[PDB]
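Shown next as structure tokens: one chain only, the form deposited without this ligand.
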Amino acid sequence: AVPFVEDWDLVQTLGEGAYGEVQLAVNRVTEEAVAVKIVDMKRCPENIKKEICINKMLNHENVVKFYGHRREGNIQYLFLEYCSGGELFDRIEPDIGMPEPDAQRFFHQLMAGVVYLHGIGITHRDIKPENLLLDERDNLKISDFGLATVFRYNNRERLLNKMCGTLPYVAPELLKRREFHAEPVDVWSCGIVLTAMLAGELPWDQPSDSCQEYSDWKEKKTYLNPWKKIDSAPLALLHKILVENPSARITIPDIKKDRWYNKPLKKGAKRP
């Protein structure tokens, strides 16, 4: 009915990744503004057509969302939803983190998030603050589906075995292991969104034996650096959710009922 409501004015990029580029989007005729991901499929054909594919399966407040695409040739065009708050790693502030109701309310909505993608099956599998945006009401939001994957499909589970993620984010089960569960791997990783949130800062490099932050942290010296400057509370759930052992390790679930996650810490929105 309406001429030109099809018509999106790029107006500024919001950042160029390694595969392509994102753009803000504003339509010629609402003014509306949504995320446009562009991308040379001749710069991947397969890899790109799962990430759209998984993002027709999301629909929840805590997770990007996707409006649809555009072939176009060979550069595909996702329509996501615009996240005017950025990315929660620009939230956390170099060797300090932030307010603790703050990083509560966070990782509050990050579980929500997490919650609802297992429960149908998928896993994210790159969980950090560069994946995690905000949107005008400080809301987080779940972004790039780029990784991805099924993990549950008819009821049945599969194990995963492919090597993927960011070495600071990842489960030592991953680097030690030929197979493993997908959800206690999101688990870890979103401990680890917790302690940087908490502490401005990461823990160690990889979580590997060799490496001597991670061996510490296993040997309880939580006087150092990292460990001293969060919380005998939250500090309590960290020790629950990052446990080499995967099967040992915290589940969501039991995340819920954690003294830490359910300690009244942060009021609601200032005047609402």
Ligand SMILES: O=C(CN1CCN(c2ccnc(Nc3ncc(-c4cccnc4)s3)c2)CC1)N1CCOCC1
Given for the second form:
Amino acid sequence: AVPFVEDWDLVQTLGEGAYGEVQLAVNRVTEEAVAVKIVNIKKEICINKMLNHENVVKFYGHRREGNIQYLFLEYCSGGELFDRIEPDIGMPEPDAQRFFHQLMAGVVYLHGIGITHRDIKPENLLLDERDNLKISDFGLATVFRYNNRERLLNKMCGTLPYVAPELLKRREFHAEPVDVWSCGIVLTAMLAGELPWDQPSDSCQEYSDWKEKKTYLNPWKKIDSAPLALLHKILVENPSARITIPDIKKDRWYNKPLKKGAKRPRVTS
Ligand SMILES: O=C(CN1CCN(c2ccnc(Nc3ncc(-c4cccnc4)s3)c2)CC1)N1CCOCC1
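Which structure goes with the form deposited with this ligand bound, now that we have seen the form deposited without this ligand?
Now the complete complex, all chains and molecules, led by this one.
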């Protein structure tokens, strides 16, 4: 229709991953911003075409140019959740709760359509212009439910400090408690500004201390009793005993009023 509307200028590097790079693209005509992932890949596109939710990075389409694959994705101007976490501090509890609510909304959605992300961490949770959280990077994602039949997972996927202990100890495991666990590690990072362990193994002193309930130690001593009680339900070694998302939604801290709405303009007299 309108000339030049299909032209995008690649203006800045957003990250240089394993596959390739992510560029910020700006439309020559409209100045609309999109993230272009320049490159597992066939599955990532297939999974992305299934996604439509306010807390999931939108997929606009893809184009193949010989050996190069281009994925046009929602640009999140707020960057990574990772950058909002102050090292050894975390962030204000109300901000962490709001991001946690948004993360649960995204995960409920994905699980509802039978998709597991398998690599939830603050580097993959992006923020838009209004600080709304969006789950990104479906490179490691997979279908765990098809035709209402659950498929047990067996592939070692994810990032060690975020990974659930059953991935390291069992041949097969249910997909959903694995994503719930990584969400608990994200919550810990938001509230304490540190990861509790290198990996959830009995060989990890920090992991053993957590199972022994030594909450007078870091990162736990920095976390208020209400969010810490939720973490005691999420970070449970037995995935069958671990809290499910419907129950996280019933948690006392999850439902605690803490955060005021966005700073809206106001005047007096
Ligand atoms: O402007 C900023 C923050 N910046 C830091 C860089 N920002 C970044 C960095 C990386 N990525 C993004 N945005 C993205 N949107 C979609 C992305 C994406 C990537 C892979 C897959 N699917 C989607 S990445 C945004 C944009 C915001 N600063 C002020 C405070 O000091 C640090 C710099």
